[PDB]
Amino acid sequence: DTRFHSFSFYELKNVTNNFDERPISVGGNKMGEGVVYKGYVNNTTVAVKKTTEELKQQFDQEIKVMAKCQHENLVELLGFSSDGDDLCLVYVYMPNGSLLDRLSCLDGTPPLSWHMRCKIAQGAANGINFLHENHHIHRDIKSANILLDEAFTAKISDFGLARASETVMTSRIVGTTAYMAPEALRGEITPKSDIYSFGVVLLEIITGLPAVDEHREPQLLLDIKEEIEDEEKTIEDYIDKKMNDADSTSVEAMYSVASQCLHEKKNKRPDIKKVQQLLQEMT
């Protein structure tokens, strides 16, 4: 609780069109999914995220993480509400949405250049580096959770699952399957799992493809690593065509980082410091 604003529930209900759960593109306030709503408070646009006792301690858990973790490449928590029998968290609004939607060019946005993509990748790595340095594991690293501010600065978001480290195991396996390391899928909690997930992200950046596509072969993006290793295909075959500034050398350099991140065995993966350095040298 490092000087966050305490909101009453009615204030946030007011500014969100009464928590209008319809997508924004269809006239509502939902920008994603608790559920996350767009709101206008005090000349500012904000992001409002809306067992009883156990939801309360997760609510308290995230505030704890957000109090301790402040960084240019992390979404900043602005405040909260806990009086309308319905818990809310209020964050800095990121106008350019998620990396996922920018890679897909959702709603007709311009394809991201290779230069911008490298900057976002570096930003994301810097954000993850801060978390690991400060002994946190994100647990849900993915392109939908890399948000983009006014200047397309990468902002790591959705810390609802984040855990402090001192490898432990959990009974409640959480995360996004198409991004999850094998050990994470088996209930292990380790920062090495974040690295693996970041490798999938790097693949999405290179290819512009989503991590999963039920009508695609392979359905999982991470499987393209094996197709390339068993030289059936090249990374060149998979490079996003919606760029004109992607030189072979840096693309191959990024793929090399991605491939190392995606080692099936957690101990053979680079840590975030090495990932940071490698993305620097690519540039």
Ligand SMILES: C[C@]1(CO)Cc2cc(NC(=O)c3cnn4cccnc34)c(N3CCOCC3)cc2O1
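For clarity, a rigid core is taken as the largest C-alpha set superposing within 1.5 Å between two forms. Residue numbers count along the first chain shown, from 1. Compared with the form solved in complex with the named molecule:
- Once the core is superposed between the two forms, every option in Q219, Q57, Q70, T234 stays below 2 Å in C-alpha shift except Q57.
- Once you line up the core between the two forms, the Cα of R22 ends up 2 Å or more from where it was.
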The other form holds:
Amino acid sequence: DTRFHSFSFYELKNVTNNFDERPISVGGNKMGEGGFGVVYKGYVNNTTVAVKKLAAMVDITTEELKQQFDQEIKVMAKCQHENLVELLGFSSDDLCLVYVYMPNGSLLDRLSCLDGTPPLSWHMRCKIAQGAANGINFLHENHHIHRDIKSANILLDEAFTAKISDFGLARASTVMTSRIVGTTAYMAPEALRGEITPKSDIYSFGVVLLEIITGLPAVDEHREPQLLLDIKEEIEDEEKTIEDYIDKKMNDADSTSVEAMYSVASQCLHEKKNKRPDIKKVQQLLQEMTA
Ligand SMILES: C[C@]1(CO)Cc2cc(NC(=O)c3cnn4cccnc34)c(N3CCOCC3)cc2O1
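Next up, the form solved in complex with the named molecule. The previous block was the form solved without the named molecule.
Below is the entire complex, every chain and molecule, led by the chain shown above.
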């Protein structure tokens, strides 16, 4: 389809079985949730869609949420690429965004094997890492800073192609902000300080690469270390090796390409923003990894 659709709130209420908050397996429509809303499964033109019902689930106001709704429509109309999620339409008559359905959910869900899905192979993980970098490259080439790169915001289509999502906090382009937003466990030190730079998206992508390698979430309150980015120091201070942390749920990892991905992640995670590779270099390094 070649146009954006304006849906009435009643149609979206109807096709999501009245925004049925029960999970998919019990006969509900809830697919997941983020900091800015619940995502529901919908069925429109004999077509499955994803419907995000916006809600300030984190620490933001009604005006900030409406601003993110506007920003997401604007950024998604402007940024249409094979490694970005596709906006289909919207409803504002109770704010809703309607997207092309991603049948394999998020990278975060697949790394956790949520609902009994089989673990992703190392081969699949390399392809996803490359696809995600290509999406970030398009945004950076088009002077957009994502500001919320994380595994929950990397979606997977019918062919497990990586599709970057959640453009509500995205910024057109180093500027400083009095409004520090994002997910702590993934944020660069300068972003936690209020800086707005594409260099911070690189850092956050480094944390995603560690999640891909290890299968571990960026943060776990009942784990030691609680933060995944700390493993870079554990490995640097030779108290651990990458082999100690490689996801045991894969059978096809090899030391050469795993060490190549870890080297990319390490460079992305440089504490000094100017020493980090830019996205074009990250793409080159990830392409060389499987060459
Ligand atoms: C296997 C299934 C069913 O159990 C299929 C499925 C699709 C989506 N998402 C979408 O289809 C989707 C498409 N565009 N989009 C934009 C933002 C968020 N989600 C989406 C999600 N998401 C929910 C929100 O958090 C991320 C994962 C989970 C999920 O699980």
